[PDB]
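A single chain, nothing else alongside it, follows as structure tokens in the form deposited without this ligand.
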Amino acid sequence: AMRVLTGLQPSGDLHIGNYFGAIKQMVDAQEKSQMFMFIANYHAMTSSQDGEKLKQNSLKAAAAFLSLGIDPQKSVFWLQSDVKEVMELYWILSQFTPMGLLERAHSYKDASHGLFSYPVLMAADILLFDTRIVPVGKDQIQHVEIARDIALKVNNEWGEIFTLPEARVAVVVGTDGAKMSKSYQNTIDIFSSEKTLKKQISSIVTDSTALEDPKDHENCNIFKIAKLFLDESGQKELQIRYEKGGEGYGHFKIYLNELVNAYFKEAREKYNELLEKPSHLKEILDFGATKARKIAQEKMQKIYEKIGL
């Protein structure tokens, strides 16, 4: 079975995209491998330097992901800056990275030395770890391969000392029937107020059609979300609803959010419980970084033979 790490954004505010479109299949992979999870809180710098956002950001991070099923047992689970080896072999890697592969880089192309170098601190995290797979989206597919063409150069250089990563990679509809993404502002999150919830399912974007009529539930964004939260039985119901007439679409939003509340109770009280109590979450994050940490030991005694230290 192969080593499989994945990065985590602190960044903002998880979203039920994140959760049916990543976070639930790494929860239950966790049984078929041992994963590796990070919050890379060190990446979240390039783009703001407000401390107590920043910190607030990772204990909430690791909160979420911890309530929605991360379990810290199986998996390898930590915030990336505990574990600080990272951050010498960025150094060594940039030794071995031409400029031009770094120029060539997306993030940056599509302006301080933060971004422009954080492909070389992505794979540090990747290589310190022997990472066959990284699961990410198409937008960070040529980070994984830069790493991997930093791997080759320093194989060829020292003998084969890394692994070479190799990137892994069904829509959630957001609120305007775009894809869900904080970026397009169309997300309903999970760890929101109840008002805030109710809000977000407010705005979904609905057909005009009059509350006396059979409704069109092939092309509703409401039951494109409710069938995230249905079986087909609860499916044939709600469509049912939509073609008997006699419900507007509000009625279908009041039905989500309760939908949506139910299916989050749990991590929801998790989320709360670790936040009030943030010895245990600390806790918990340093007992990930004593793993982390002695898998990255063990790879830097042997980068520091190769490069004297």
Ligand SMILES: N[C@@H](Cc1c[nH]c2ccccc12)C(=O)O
Contents of the next structure:
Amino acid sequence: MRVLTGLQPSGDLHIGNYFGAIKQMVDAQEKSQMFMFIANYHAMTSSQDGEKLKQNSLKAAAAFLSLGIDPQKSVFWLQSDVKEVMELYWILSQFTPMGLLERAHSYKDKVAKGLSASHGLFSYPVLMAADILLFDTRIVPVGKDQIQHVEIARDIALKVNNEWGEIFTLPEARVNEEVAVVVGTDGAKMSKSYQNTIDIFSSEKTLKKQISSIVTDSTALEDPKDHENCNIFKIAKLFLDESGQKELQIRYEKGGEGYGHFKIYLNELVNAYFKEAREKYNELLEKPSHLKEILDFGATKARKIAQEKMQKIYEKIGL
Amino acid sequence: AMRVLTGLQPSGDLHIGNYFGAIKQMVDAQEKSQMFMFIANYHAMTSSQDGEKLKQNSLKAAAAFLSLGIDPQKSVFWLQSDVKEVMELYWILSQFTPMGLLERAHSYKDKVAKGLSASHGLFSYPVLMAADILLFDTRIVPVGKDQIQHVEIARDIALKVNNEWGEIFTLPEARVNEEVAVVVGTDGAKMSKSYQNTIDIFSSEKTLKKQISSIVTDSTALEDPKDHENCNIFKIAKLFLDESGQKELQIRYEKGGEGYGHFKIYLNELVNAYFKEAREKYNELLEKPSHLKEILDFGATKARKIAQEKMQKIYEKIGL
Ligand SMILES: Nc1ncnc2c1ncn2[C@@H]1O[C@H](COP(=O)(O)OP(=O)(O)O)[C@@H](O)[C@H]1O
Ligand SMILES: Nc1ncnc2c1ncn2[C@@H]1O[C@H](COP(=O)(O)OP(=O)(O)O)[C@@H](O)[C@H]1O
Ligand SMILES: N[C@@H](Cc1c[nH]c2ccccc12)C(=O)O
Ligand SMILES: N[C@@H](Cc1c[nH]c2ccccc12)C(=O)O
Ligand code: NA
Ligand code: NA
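Now show me the form solved in complex with this ligand; what you just gave was the form deposited without this ligand.
First the chain shown before, then all remaining chains and molecules of the complex.
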């Protein structure tokens, strides 16, 4: 069962991304050969500022490598280096009823929040179907809002298979509901669109600003504090084993220590936890030639698989 | 010396109406125009996914146009799918294409109006066509009224792109070719495949004999003078005859003593001799695939160099 994950290059990774998905992805690499790609063609649907898009791609590559993606075990590349996905995209469009795409909620949702009503935004799910189907993907790890896109991919595969014979694997979404939802600085679900994030690859000065923004109770410094509902505790939990959690909890219930101290402590836990990844990340961005090499290594492996599939597709479509 | 670009998407068998109505003009434009012509095989995928047939149609189309006069040395002639850059450009242009432009395309509207369901491919092809045009800095796109809106769409995309990124694309213009003398079919009506009134270029002599035999004549006795002004044999023969050739035929008509059966026999001789070289070349290109490939490969290298230069500029703007 091939697992394939496309990764958005847009924006800074935050601890919610890390504990909610990335860590699981990294720890799954010994279980099977996993496929992961930075989806920079898809990033063009929300911006055409090339200088920014290009840096976003480099940074995303460096972030995921530094967080534990192993290019030896896995197949990790930049979407735009394997150009076969473009041709399959066009071929798959001949099998995609407009009806299927007009219904898609993701286009409506993105338009409603201000994105441009463009052909690229509308066509987003077809290109993603090409990503999935080109590599005979069985399982697509996604957030809940990308489930329908995977479903669209499958519907397309069914239409192709019905016409051409069983040439595509039928993909299914995998969402993990087991995972804790990481609260942001305001108490709501941590997300970039809420600007309530604690970012992984920021300077200590920047991280301090973020942690300081965390909303808390009005409870006096002297009085016992409720750990169960405290955002700081809730985030600290991510960095603490059983004893450390209890030790912090005990500081909460004693009084004489304030949330300002708890924030100081959280800064320490966060800086220490991602210390190694941050240095690796800055190290990769400092010498971009090594990053290009890692990405090229990954592309070579993905391209071989893509080229094998395209040869079969070429037979069916007459290329 | 403005660049003229035409995508070619033939269907069924080519007939003398396609030839004298469009192809000859295109062939003759080569010496004094900068002509780019491609077999639009990506676009043919919108109405068929029968790969076996699609592959053959492409080979036949390339062989046919080469046989009838496309000069690979003078012009740039290639198979669309050999220059893959066009797919990448198509995706980039989609980001600059508002939905309303494509929703208003008649090719999509007409389909939905007659009840049918449309594929994303049908909806999206004006964008791919815009990529075809813009990739090569086309100034002039020779098209049928059919296609005017598509060129306008390509023009709107280019303007949007240029507004965002600078001088990236040349603004293309449609050229409707006017107003070419219609070719009469075997039945008196305009020759067309829909009517089954055609005379085909690359058929067997048996099939040509059959088509010519079907030409509608008048009931005039064998020996009597024939009226060349109303005769479809004569009207069709004119295409293959110079002014004094027609005159010699017309004398034969006015003289009498020769029947329409004999004029049809004559018409066969004219058509077979006129296309003899093209047919032999056509068949040769299909029987020895390597020769056609060499020619298509050459065309593709000339077009690809231009496409690569455009993409280098595009890459700087989109971050690739
Ligand atoms: N606050 C969060 N808590 C748990 N998981 C999260 C959180 N934010 C993102 N994820 C995970 O990361 C993925 C979605 O990332 P994404 O939506 O692009 O980032 P963002 O939160 O900024 O909007 C999903 O797998 C989701 O499970
Ligand atoms: N009878 C004709 N006389 C003049 N030109 C023609 C004729 N039939 C076709 N053409 C030319 O050939 C081109 C393609 O026509 P096409 O759609 O292949 O014909 P049909 O109606 O047989 O399908 C047109 O752009 C037109 O200019
Ligand atoms: N749409 C995905 C990114 C993506 C692109 N192609 C994919 C293929 C498979 C899985 C995910 C993707 C996201 O928003 O995160
Ligand atoms: N759409 C054209 C063929 C075509 C594809 N791309 C083009 C670019 C320019 C001119 C024509 C084309 C037709 O139906 O005949
Ligand atoms: Na978000
Ligand atoms: Na017709």
